[PDB]
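Asks: For reference, the chains in residue letters:
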Amino acid sequence: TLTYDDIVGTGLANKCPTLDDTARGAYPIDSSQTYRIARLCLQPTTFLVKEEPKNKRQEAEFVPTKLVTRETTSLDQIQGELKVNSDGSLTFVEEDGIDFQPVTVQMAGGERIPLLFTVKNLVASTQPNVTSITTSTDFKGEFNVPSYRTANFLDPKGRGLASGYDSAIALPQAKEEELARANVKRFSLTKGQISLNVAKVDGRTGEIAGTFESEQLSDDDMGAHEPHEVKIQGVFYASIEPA
Amino acid sequence: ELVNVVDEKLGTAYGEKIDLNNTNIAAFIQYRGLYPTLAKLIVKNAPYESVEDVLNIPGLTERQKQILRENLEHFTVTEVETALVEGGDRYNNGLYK
Amino acid sequence: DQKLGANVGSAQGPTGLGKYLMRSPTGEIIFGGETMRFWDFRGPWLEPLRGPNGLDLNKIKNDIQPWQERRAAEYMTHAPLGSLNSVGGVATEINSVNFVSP
Amino acid sequence: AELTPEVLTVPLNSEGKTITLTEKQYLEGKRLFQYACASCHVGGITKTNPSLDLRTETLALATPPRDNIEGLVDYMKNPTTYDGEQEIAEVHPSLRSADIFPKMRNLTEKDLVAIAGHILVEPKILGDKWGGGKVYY
Amino acid sequence: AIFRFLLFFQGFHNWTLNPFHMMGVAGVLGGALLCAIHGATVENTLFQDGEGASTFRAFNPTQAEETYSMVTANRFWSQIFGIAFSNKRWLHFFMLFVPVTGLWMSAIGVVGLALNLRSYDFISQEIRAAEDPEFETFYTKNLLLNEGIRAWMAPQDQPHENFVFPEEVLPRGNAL
Amino acid sequence: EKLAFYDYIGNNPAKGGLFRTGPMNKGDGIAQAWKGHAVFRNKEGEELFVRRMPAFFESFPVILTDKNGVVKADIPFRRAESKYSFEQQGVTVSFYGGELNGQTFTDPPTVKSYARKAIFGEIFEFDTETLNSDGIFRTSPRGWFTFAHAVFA
Amino acid sequence: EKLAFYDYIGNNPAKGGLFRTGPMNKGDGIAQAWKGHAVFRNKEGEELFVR
Amino acid sequence: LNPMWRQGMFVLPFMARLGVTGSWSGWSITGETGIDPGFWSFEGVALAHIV
Amino acid sequence: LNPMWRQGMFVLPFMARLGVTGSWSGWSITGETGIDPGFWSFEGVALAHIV
Amino acid sequence: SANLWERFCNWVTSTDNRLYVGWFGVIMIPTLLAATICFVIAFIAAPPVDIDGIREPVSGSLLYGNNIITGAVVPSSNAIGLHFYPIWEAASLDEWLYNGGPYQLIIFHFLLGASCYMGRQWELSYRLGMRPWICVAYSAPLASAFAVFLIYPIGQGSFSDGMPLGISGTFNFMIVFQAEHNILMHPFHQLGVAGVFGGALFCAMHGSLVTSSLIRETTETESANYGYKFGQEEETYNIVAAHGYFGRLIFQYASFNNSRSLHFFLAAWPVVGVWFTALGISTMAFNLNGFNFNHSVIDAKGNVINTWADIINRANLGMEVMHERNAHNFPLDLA
Ligand code: CLA
Ligand code: CLA
Ligand code: CLA
Ligand SMILES: C=Cc1c(C)c2cc3nc(c4c5[nH]c(cc6nc(cc1[nH]2)C(C)=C6CC)c(C)c5C(=O)[C@@H]4C(=O)OC)[C@@H](CCC(=O)OC/C=C(\C)CCC[C@H](C)CCC[C@H](C)CCCC(C)C)[C@@H]3C
Ligand SMILES: CCCCCCCCCCCCCCCC(=O)OC[C@H](CO[C@H]1O[C@H](CS(=O)(=O)O)[C@@H](O)[C@H](O)[C@H]1O)OC(=O)CCCCCCCCCCCCCCC
Ligand SMILES: [Ca+2]
Ligand SMILES: [Cl-]
Ligand SMILES: [Fe+2]
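Residue numbers (UniProt numbering), protein chains in the order written: chain U, 30 to 272; chain G, 38 to 134; chain W, 309 to 410; chain F, 27 to 163; chain C, 177 to 352; chain Z, 307 to 459; chain S, 307 to 357; chain A, 52 to 102; chain V, 52 to 102; chain D, 10 to 344.
No wet-lab data here; the hints were simulated from the structure. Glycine included, each C-beta is placed from N, C-alpha and C at the ideal position. Any given hint could turn out to be false.
[To be verified] If you want the footprint, here are the derived chain G segments under chain Z, 3+ residues with CB under 8 Å:
no.	region
1	39-45
2	52-63
[Unchecked claim] Just the calculated beta-carbon pair ranges, DEER-fashion:
no.	chain 1	residue 1	chain 2	residue 2	range
3	U	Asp125	D	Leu71	56 to 62 Å
4	V	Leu69	C	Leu279	55 to 61 Å
5	C	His336	Z	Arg448	52 to 58 Å
6	W	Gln373	G	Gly96	41 to 47 Å
7	U	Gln222	S	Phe311	44 to 50 Å
8	Z	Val457	D	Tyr135	19 to 25 Å
9	S	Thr327	D	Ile96	36 to 42 Å
10	D	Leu343	U	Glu80	43 to 49 Å
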């Protein structure tokens, strides 16, 4: 174990815990004993942004991006119950935790793509009949992606949703129909997809690890422009305990 | 068409009475004995399909249910508005003195 | 706010950054707001809440001690802000509290 | 335009009975208010909890009623939450916690009454200012 | 009462953004530089006309030779700054020109403020800021400061208007 | 119409800017018609009045008061605790004489729109297309003559 | 698409004018997409060709 | 609704203040028609000064 | 559909003909991403000449 | 070769150079060149910077929609605070430009160079056999750059609160400063304008008096400046005639007759005045602000009788209340 001072500034704090190459066993499920996740953690490795195919529909792919912010990406301290289902499957239901981190990435052009990387209200599920959690025991489910900026946020000219100006006060006698979209703030709310695939188990201490892949939309800036589709790949760590 | 959900909400029951599904917690201070204990329970306990559903909060003492019945006339209920509920704004919407 | 039933860990501020808790540039869990610049602060009252990765959400959730709350309140209300004529507070404050931090 | 004893007449208890303070008490209260309150309650607000002010109306809708000498005085000894369903003397200055809040050790019952009187007299003088914050400065 | 006159012109006229004012400060600030630099230059290029350290007594009130080395002063600034005077007659006229010209430019700006013909905004900037909610400059920031100044000051600064601004109509940021 | 046109702040020489070049029409646009006098009322039927803009102010808030000057309605900045929002007060607007003569509007956006306009005095219909106006007030020849001759002098 | 784009007279350098300044996009505009090959036919079904 | 002082006219008003209120093309400042300004029209005035 | 020669680029192609086909900002003439042009990007070349 | 290093030292120290590269110059010249080059490139082409660390990038460069007046180099992020942020501390330059990397590189290099520039103003004076202290006069404008670029950020705990490198950006720094500190009501500031006003005043005073009492050596249709030759023995103006006039404007003993006492005063006043104004910013860097006379004078009942100080406070609140919109989450601005 390492103290706080043994981590500070090293960037290690933005790293989900890891298992050794040994720990590749299996953790058993009583199915008559409630289980929960004491700590889920998600660490991003890559941020992919699906590019707009221009007018020419030609099918679009995801493109790598540079992380313009710094090591503030990781999600940690996630918790909730891991209820066992009738069909012998497992479904995780998140309760609370650092379930979101605002990330901003750049592209080829130089365009900054801000997103709210999150897993709020996660409901991941596994395969039916899973007496023991083995290596690669896929977790899949949805989560909620709330607006990047919240109600109180004001744009550089003072306009906002829950507060702020009603219009473009700098152009007192201008036609307003054109400015409509920029004056009227909208609060976006959408769904997301994620799949946590195990790679390392440890039946002894009951802690699994592996990699994840999630998809969601980026910031629409209070509904001023269209959001970008984002793909996020990384690693995760879960601490399973009876409780 | 584009509309400001918060300003539109002010044309409903919200903006006239304490909305049990949206209105921020600090609003319960304007009525006797509602704020600390009870308002927490109200807000924490999900939305409600009707004003009366607040009396069904599990754990409520006989006195708490009495107080609630008294202030029911000051309550209403509308669709949960994300703009007003997201970000924990019901516990702190960034407003102070 | 936590006593009012707010989940500080997942609370989203106006900028979408973290009303109460956020991350330092190297990943450590720190206090949110303009106070992000003072994430280098260490102090007896605050340390028992700190973990190996910074502020622990579990200790924050149920290990907060009363002496810490009123300590925070004390130091909060005695910031080194004042006027030449010794009027504690921001330049826009009203006369009442005669104080300027030593 | 002066501090008449007409202004210094504030409600003593819940049963309508009133008390008339003196210019000595007021000043004394005002001084003691700076000594032990101003720190968090400057100009009738509450820095560490802006949701609750020292407005007489706010004190009236308190539980128990704290919009009188008696209400306030009890509070300064055994402070509670706005609904009164919880004692907060551990994180709030009071007589039963003078070991924790040294400023309250000196304070004697006269001092308590003076302070209480001050809280009830200020809004009579300042008005909206006493309650509101920077808006009314 | 003069300080508010400053804050007023900022809030209402955006006086700092006025080209005529900028020339103003340039003259005053530049004039206060000439004052400093020339005085210091002279005192530290002086000839020795006495045997004491306090060289003040060692000055001849009845003209004759130059009390300080103009030639040395020249080569100095020519090597540290690259440019240097070499005509006391021009140097001193320059000391007249700079602060007098500045004050005059600042005057013209004020004459325009009388008709409220201010240098408040940049149209190209506002048009983009309206269409684009992510466009932000230090210019845009300042105007928001002005809005706050106008709203919060006007009531007690212009009593004759009987202003009444509800708390809810007062422009405010978050928390503050 | 002419008489009404004078009661519009967009013809006030004290409005404008030093580098806001061109005619006044590059500002609010070429005036086409008088939309008409706007009368504001609330649910109780009480007639409200829009507080006009002082020349000093580049921007001014929308506030409605009755005859006695009591604030009855407004357009809030922070909605969180608004007491006088047009929605809460059921503010409506009616027009008499002119383009909008005899018509009434009750939908909050539209009502707030004209209320936002009444700040400037009598509401008019402008042609912004032609000269490609920017919606920013410019001073009259009266303003410019005064400025030049005051400086020159 | 790229191959089809070369078979468009708006990329022929022999088109244009001496004082027709700017890029080729100031002319026909920024190419967004290939509308596709147009096949012309008449009532009898005969396929026609544009000169 | 669209008088001279709305169209940024600076010299035009000074010509109208002292009599000249018509044009050779037929129109007039007051807004009348069929009027005959004679030679001393806005055009006339402009002409003279040039000479 | 929108290459350099449509955007009135005159100097850019001569830099691409001899190797420099990338920018410090990440993009590239061929249309690839993640590439590392090193120092000798369009910016670099421009930089050099100015010096 | 008499000895390479010995020659090198003789060249550096050489007073026969067009520009005196001193020993301080060995540090100055490179540092000033990095500062300027980085500045010029940034001001023109740098991308928007998240100054307040709230993921709200502020564009301040020409190519990104600014002009000279609005354009600026944006201070480093508030997420960085007082941390050292060189290029080699960023995963990429894209990241470095986003967190306001250039700003530190500039201010540090400038302040370093501008200090050596003061050091050189001594050296050359030493090499030429003239008295020092010219550099002491330059310590006042330098101490201001230090206060505005370094001392205040240190005090406030972040370089993001340092004065931006731009026109309008400079205006923001002032307006906000006034709000948080009430600088107009601070003695040290008032001494500053006194020095600056008096400076411009005395600059015009001395300038005019001298140029007005010039000995005639020029034609009626010939520039009066030609009546002076570079490297004169005697004076070009009648200082006794100058004193005679100014001595009658006010009264004799309130007039200078000693050129040396004159030029000392000409130098002392603004330098001293600016010194205090620099100390003002450095003092209010630790939140020892100007006089707070809010709600001071009250009537016999207790009603608050307003003064101009209160009218100032209203203006200040508005600045306070509106600045850094989305940066605050809590009631008190202790940052
Ligand atoms: C870098 C900072 C800076 C600087 C150097 C300046 C510089 C200037 N400003 Mg300024 N300003 C600034 C920032 C700055 N500004 C900011 C940030 C604001 C806020 C928006 C303003 C707002 C502002 C306003 C509102 C005005 C100025 C004006 C001026 C100019 C005139 C000052 C002067 O000489 O008064 C001297 C004034 C006189 C009237 C001189 C006559 C005085 C008599 C002769 C003295 C008699 C004394 C008597 C004998 C003694 C008895 C007194 C007794 C107490 C003993 C000057 C060019 C003024 C201007 O442009 O005027 C044209 C003006 O009105 N400024
Ligand atoms: C002083 C007399 C005067 C006045 C009051 C006007 C008034 C007007 N003119 Mg006009 N004009 C004049 C003389 C005048 N004119 C002259 C002499 C010419 C011939 C060149 C013109 C040519 C002209 C044209 C071609 C047009 C107008 C238009 C207009 C109208 C729009 C106003 C405008 O754009 O202002 C703009 C004012 C400014 C931009 C102010 C400039 C101030 C400068 C920048 C200050 C310079 C400071 C200096 C450099 C500092 C250095 C000193 C330092 C070294 C000490 C307005 C009615 C327009 C019109 O008809 O409207 C429909 C129009 O299109 N004018
Ligand atoms: C000869 C070399 C050359 C060539 C082939 C090009 C080619 C191009 N340039 Mg370019 N350019 C060049 C040199 C060159 N440039 C130089 C040296 C500069 C610096 C000033 C520029 C600055 C520049 C800019 C700023 C822009 C271009 C653009 C363009 C593109 C548009 C073409 C255009 O507008 O043509 C227009 C051609 C003409 C109008 C022909 C003018 C011929 C004159 C009028 C003849 C003069 C006759 C003379 C007066 C007779 C007197 C003699 C008599 C007394 C005997 C094109 C790819 C544009 C671009 O990037 O596209 C998107 C653009 O915006 N150029
Ligand atoms: C605010 C700054 C400032 C002040 C206070 C100031 C003051 C003075 N400058 C004078 C001179 C000058 N000033 C000059 C250039 C400059 N002066 C500048 C800035 C200033 N100069 C600047 C920036 C320049 C460069 C352009 C020159 C070139 C001269 C002189 O020749 C002259 C002098 O002799 O220098 C020593 C003196 C004129 C005496 C006089 O007329 O009394 C007689 C008239 C009186 C007493 C009536 C004045 C009444 C005034 C208009 C109203 C004041 C109202 C209250 C009484 C004052 C208090 C109000 C304040 C609190 C705001 C006086 C001491
Ligand atoms: C990372 C490390 C980088 C290393 C850089 C590579 C080495 C430096 C190469 C320099 C090449 C450029 C030569 C410049 C010539 C010149 O300056 O004058 C030429 C003169 C002539 O002397 C000189 O010239 C004489 C030869 S000759 O006369 O020029 O032929 C010579 O004999 C004598 O020794 C010499 O003094 O040189 C000098 O007077 C010495 C001072 C030079 C000052 C340097 C610039 C100062 C900048 C200050 C900061 C400014 C901030 C930004 C300003 C916008
Ligand atoms: Ca895109
Ligand atoms: Cl700001
Ligand atoms: Fe001199």
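Asks: Which of the numbered hints are not met once you compare them with the structure shown?
Replies: 3, 5, 6, 7, 8
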